[PDB]
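Asker: All chains, please: the whole structure from these sequences, using the hints.
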Amino acid sequence: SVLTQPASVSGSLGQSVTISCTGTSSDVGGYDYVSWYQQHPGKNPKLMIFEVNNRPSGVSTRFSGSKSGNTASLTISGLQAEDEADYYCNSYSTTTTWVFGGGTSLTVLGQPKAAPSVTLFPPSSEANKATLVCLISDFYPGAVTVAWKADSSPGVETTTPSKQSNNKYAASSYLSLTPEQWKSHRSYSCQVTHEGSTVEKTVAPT
Amino acid sequence: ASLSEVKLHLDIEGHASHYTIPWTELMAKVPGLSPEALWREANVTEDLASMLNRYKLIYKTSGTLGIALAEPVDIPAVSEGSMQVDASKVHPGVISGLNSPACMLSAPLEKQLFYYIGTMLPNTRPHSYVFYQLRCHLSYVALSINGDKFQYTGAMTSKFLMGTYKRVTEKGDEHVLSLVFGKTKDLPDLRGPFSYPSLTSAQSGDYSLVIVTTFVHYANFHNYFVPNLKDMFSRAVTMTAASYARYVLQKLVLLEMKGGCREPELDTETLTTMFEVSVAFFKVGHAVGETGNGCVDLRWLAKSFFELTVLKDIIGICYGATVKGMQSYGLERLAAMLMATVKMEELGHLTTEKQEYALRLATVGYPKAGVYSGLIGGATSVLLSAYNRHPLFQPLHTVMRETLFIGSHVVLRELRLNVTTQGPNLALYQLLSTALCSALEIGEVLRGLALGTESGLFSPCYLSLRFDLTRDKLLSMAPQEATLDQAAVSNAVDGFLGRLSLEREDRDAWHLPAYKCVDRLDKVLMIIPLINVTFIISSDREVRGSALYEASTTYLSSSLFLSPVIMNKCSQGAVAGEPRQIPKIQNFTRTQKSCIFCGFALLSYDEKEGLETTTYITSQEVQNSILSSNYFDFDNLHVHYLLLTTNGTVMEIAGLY
Amino acid sequence: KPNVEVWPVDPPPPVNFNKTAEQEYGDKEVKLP
Amino acid sequence: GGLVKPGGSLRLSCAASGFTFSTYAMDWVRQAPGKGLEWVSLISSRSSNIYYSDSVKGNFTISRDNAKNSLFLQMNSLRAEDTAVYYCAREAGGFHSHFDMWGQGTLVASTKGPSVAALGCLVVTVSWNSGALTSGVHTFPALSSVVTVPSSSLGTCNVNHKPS
Amino acid sequence: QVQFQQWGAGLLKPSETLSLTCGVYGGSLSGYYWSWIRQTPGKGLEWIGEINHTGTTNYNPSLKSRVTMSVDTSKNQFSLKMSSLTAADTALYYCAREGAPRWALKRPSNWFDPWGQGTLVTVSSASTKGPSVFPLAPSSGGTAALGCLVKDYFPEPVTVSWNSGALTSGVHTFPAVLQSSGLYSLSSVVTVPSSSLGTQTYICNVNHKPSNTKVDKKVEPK
Amino acid sequence: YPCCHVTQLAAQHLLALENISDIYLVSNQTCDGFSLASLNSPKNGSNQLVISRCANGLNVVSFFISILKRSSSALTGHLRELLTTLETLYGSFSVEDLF
Amino acid sequence: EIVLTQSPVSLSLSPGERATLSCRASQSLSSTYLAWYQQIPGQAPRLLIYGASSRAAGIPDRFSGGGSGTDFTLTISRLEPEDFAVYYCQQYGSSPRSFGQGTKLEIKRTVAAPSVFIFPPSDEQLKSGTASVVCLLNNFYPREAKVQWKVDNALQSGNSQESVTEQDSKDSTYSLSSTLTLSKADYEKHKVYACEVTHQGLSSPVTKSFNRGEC
Ligand SMILES: *[C@@H]1O[C@H](CO)[C@@H](O)[C@H](O)[C@H]1NC(C)=O
Ligand SMILES: *[C@@H]1O[C@H](CO)[C@@H](O)[C@H](O)[C@H]1NC(C)=O
Ligand SMILES: *[C@@H]1O[C@H](CO)[C@@H](O)[C@H](O)[C@H]1NC(C)=O
Ligand SMILES: *[C@@H]1O[C@H](CO)[C@@H](O)[C@H](O)[C@H]1NC(C)=O
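Chains as they are written, first to last, in this note's numbering: chain A, 2 to 207; chain B, 0 to 656; chain C, 11 to 43; chain D, 32 to 195; chain E, 18 to 239; chain F, 12 to 110; chain G, 81 to 295.
For the record, the hints were derived by calculation from the structure and aren't laboratory data.
Hints are supplied without guarantee of correctness; some may be wrong.
Claimed, not checked - Derived coverage of chain E by chain G (criterion: at least 3 residues anywhere in the stretch with Cβ under 8 Å from a Cβ of chain G; other residues may be distant):
1. 33 to 43
2. 191 to 198
3. 219 to 228
Said to hold, decoys possible - Listed below are the simulated DSSO-like cross-link pairs for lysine-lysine, each with C-alpha atoms no more than 27 Å apart in a straight line:
4. B:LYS323 / C:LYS41
5. E:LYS98 / E:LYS146
6. B:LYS110 / F:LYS54
7. D:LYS88 / A:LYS47
8. A:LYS114 / A:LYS169
9. A:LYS202 / A:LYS114
10. A:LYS47 / A:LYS164
11. B:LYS568 / C:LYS11
12. B:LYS170 / C:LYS41
13. E:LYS123 / B:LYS257
14. G:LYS264 / E:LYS234
15. B:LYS367 / C:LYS29
16. B:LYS311 / B:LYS229
17. B:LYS568 / E:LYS123
18. G:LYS230 / G:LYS188
19. B:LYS158 / C:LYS41
20. C:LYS29 / B:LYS583
21. B:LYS158 / B:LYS229
22. B:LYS158 / F:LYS80
What the hints assert, rightly or not - Going by beta-carbon spacing under 10 Å, a handful of chain B positions derived as facing chain F:
23. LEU2
24. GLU4
25. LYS568
C-beta atoms are modelled at their ideal positions from N, C-alpha and C, and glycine is treated no differently.
Answerer: Dropping the structure here:
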């Protein structure tokens, strides 16, 4: 079933992070067979902890676990340089022959801030469908407030703040307009706020 | 210190299994378990070479024959309305009579049957190689012959049975051979590398017969003990509990007679019967155990434990064996209480099923003689009743023979007592048996002893007061109508003769106070103990009686004498002078309206054959059966009919009207 | 004359009903000979 | 294939050929849009023992072929109570309870339509001009992609949907 | 009833062995246990042993180291032997039968019925001596007494009968007195009427078994 | 010499089940085919040192089978599966082709 | 094993009286295993009562055996002269049979003075060199009687023996025979030989004498 795992990794690049994983009397509290798995945000598993404290022969940086009583904490030191991924814990459970963890996502703080590179596509002729595409990329952290206007005044359902390859984030915004509101109004300006800065891109039927 | 827990790890077939056995948990809830004792017995650090040499020491069955056996339905379903009885809680308010249904709960019955507890698999040499030391609630049958030079132990539980033979050669090198019977799933746990398949001789779908011995002990036992384990296991599995008990009982009875167990030999059949006694005692306990927390009908328990009680007595006679266990005191209390609800004097006025049920309860509740002698009055009441409704001189029917056999055991028990308070009733029983022992009865019993059927196990002739049954007369009464082989017939005559040996404690009189009036006992032919008189019928004259008649015999042909003894008080000397003649009576009318001959005896004999029949006139019906049939054949001048009266008179009936 | 009948017998003894296990069987710890 | 109803029959393959040793045990672990990991089934090296899940997530038949380097799994689709991404797992070995070798995993109302520096394609995989500029391969998460280029050449989009 | 006849030696030397044999008449050995019972004059009634017609023996535990008994069923006899004799073993030896038959083994002993006539076995180192018979002259109611004195014989007993048994009324044979020499001597006198005296004759028949002596002495007046 | 040995305790060496906490069993196709078990010390204390002693696996398995049977009225189901697995393992190993 | 002590040792009653004999055992024994025997001196013992209560064949109703446990009794009522005997108790329940010491009962009578006779030695005995004079006392009662030898009025001492018979089972009388033994030499040197008898039944001591050689 579920092994409890705490979220909210912390640390100002001090090369140390600690996150627990508590289990039952048949999986964690009474058996020394427990493992973890992080590896990336596009692929989840890689061994990363061979036993309670053992390390596989690829992870030379300080990776270790506690397994004190009915709880298995985790102490990592050398992976404090990248936004890598979530972590998981598992063990041999007599009740159910396997069992996994609730999830602990990780990214390290203190990275240099990056203002976003907002962009926009053309009015996109192709019928009473507009869906204006405003793109946001290369920003940190992943928290921006997007707004739109029609020269003086503001179905939307847009969100996708995932990670990127160059240590940054991304997002998109479409909002599904119609020519009955596109031809009459002069222009539309996609504005983004990242830590209090209005990055604007304006388009018009021209 | 302070044993806590052990973790077991398995890498079998890929996936890693991990188990945790906590010693302190399962050790506090199972007090009769010692893990360190089994760890010591295990010899965990034994090398493979040494384990191999211990493994080859033990004999292994080369071929296991697979036979499909059909086990029967022993214990019936609970009868609707049966009062359930706890063996531990039995009070007089429990079941009223023999007609009200009843059943005893199985769990308290088992707790009382297997009350004792002991070590079943000892640390001795042969068992220690293969078994872990086992200690359970048990019940054993032990016996020894040849003065501790041969011993058999019959330890058993509610799940399996182990019979162990031990032989001492008077010089050393004890030989041990064990046989284990029971459910293949219930067999005890093996030690080390041993496997059960390589040790089972016979096997069924659910039962197994395992043999545990060393090659040297096996080869030594084989010179004098080659049992047929196939048929042995087959009977042990297929037969019901009571049938198997009766089978073993018949074997021992034929062994006790014909002088077989006075000097018991180390024969194959002997040891086979020793094991079968244990199996008989084990099948009852196993049948009770296979119905856990249920209840067993009282009639089934009565039948089975009557058989077991008789079997216990017989093994105590032949081998002086000991049976510890398989005896519930609650069942005895229940039976002895039911014995107070039926009056013995009229036990024969009940149903045949009720008569047999009461008699089984009688021997089960009162297993030892001398506690309640009134039971004899019951058994006599059965016999008397049967004698009234049985066709005269005809052989006993199977049902009647079984009823009289169930009843005969209280009498056999009281005849072996040195002092009794039921002398008159024993006399009546033995007179009735003498009356029932005709030529047809002897012929049927001889045929049953020849063929080995149930007719030879019991007969009223065995308790009869006939002393004129030598070999030359038994061969004349042999049937010879069937195609008999004269070998079984010779052995049957010899066995029938030995069963009547007066050396038997139930064959010498010791309770006919007039048997002392005889001075030449080797010439006694018959004893007729009527009321106020006993007639000593002999071929000799020196009898200290109250009178002396001489019957008509052919010249030079072993004359016949009848000496009456009044009140069983012997005379100061033999009545001298000339023996008085037997008065002939012709004016007796064949038409009678009242029982004028009641209490008399009617003895027909022949001039050159001997005594032929004996009738006890016990009712009007028997008198009319005698007078109004072809019994009186005055055309044959060699047959003479003598009437014996209660005042000691002997008449010769030579005519009627 | 009357029919031959069984000699009368005495009533059964007073069955205990108040005897426990140790008084009937014994020590419960036996050694097999 | 894939993409079946709340009642389905899809045959999944775990074909992995890392070496010439296939005498280990194997497992299936499954993932979904919900961030979580859950185990499903296990077979033995000598395939004499097989384990499955025991809850609202149960599952259905798995097999293995020693002479064809494969383990196989078949599944019924509960859709709502069923996931889509099934990974392979290879058991460690003797006295070790974990997995070492893994796999990439197999594939994914009703089917919709495929399609309708700043080159604004507006929509699976996305590619431009048969990967002319691999460096500027920029696809925003779903759904439009953007493929970076030089501003001078103003005078000199590929999509795939497996349902479509 | 059953009758017995016992034969065996009378005088025996100490270190020797006693051998007796009873024969049964009027009955049969089958079914009963026959026993030997000794009785020292004055004291007595000590049980020795018993045997049945098959051979089962039961001896007195105070004598089982010296006593053996055997049977002969073809002759209806049973015999006793007692070695290591002493002067204290002289006694009257009776043989009796149990008053009730005992066929089986697991069976108590019974009472004696009937008994036989005991014979006197005398253990002594002395030798036999023949008796001398002398008359006692009857001199002169009107009834006189005449007798025979049997003197100087050993050992006991002798038997005196008048007229081979034709005269038993008034006969008195006194118990013997042991003389200082070690020999025995007794009298046997009968009182007869004095009318009879003289004319018809009287003879005392004295018989000593060990010495094989038989003397018929006629008693006449002098 | 399959994967370890079975040297018998020399006549001064003591062994007790109280000082054993981890037992490792071998399959019928893990080692050469013999049944060997490895008993381990508590693996506790400073530097976490541990001592091991190989022994006959058949005797260990038979011991634990009898242990679990003699107390089957207290098995938690976990030990029930252990009993079934030990019986199957003991049945897989066989003799007289060992000689 | 079991020891049976009888009581009393001696006993004397008159015809018609009732005699009670006692037999005490050293242990307990079943009443069914006990016997009483009657032994008239010179004859084989006759069984009286077996089973401690049951009368044997021929024994009349005036014999009764009772008791149990450790004490048994034999009551003989309406005594007759024929009942003179020694009576024994026996037990046959222990491993060895055992009998009692016995009780000798004498039946009383009237005074019955003796019949004194004297017999001189024969010529045959004198031929051998000795002489024996015989004095006879016949059919007297009680057994207490004094016999004194007088050879020429000299009282003989230390040269005479005597024997008394058992009580006659019909008339309950005794008989004594006294023998005076002398050498031939001492016998020939005296004349008057007499025996003197003193008894309760004699008014005066009766003397029977003779002269050596008279006719
Ligand atoms: C236990 O193993 C050792 C070594 O093989 C052996 O010496 C010993 O005798 C075995 N067991 C017994 C009970 O002797
Ligand atoms: C009868 O007495 C004999 C001898 O004492 C004994 O061996 C036997 O066991 C007794 N039988 C009974 C039933 O008391
Ligand atoms: C087990 O370990 C304890 C503690 O070290 C020790 O005292 C004991 O001797 C050991 N067991 C044996 C059988 O010696
Ligand atoms: C070994 O054990 C397996 C099960 O784990 C069984 O299938 C096989 O028959 C056994 N024997 C051999 C020789 O592999």
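Asker: Against each hint, give a clear statement of whether it holds in the structure.
Answerer: Here is how each hint holds up against the structure:
no. : hint                : in the structure
1   : 33 to 43            : violated (count 0)
2   : 191 to 198          : holds (count 5)
3   : 219 to 228          : violated (count 0)
4   : B:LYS323 / C:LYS41  : holds, 11 Å
5   : E:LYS98 / E:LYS146  : holds, 25 Å
6   : B:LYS110 / F:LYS54  : violated, 47 Å
7   : D:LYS88 / A:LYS47   : holds, 24 Å
8   : A:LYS114 / A:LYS169 : holds, 9 Å
9   : A:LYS202 / A:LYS114 : holds, 21 Å
10  : A:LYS47 / A:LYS164  : holds, 19 Å
11  : B:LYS568 / C:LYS11  : holds, 25 Å
12  : B:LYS170 / C:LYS41  : holds, 26 Å
13  : E:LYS123 / B:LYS257 : holds, 19 Å
14  : G:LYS264 / E:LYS234 : holds, 22 Å
15  : B:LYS367 / C:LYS29  : holds, 18 Å
16  : B:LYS311 / B:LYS229 : holds, 26 Å
17  : B:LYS568 / E:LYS123 : holds, 25 Å
18  : G:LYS230 / G:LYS188 : violated, 32 Å
19  : B:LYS158 / C:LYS41  : holds, 20 Å
20  : C:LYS29 / B:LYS583  : violated, 64 Å
21  : B:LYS158 / B:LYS229 : holds, 21 Å
22  : B:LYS158 / F:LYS80  : holds, 14 Å
23  : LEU2                : holds, 5 Å
24  : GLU4                : holds, 7 Å
25  : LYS568              : violated, 71 Å
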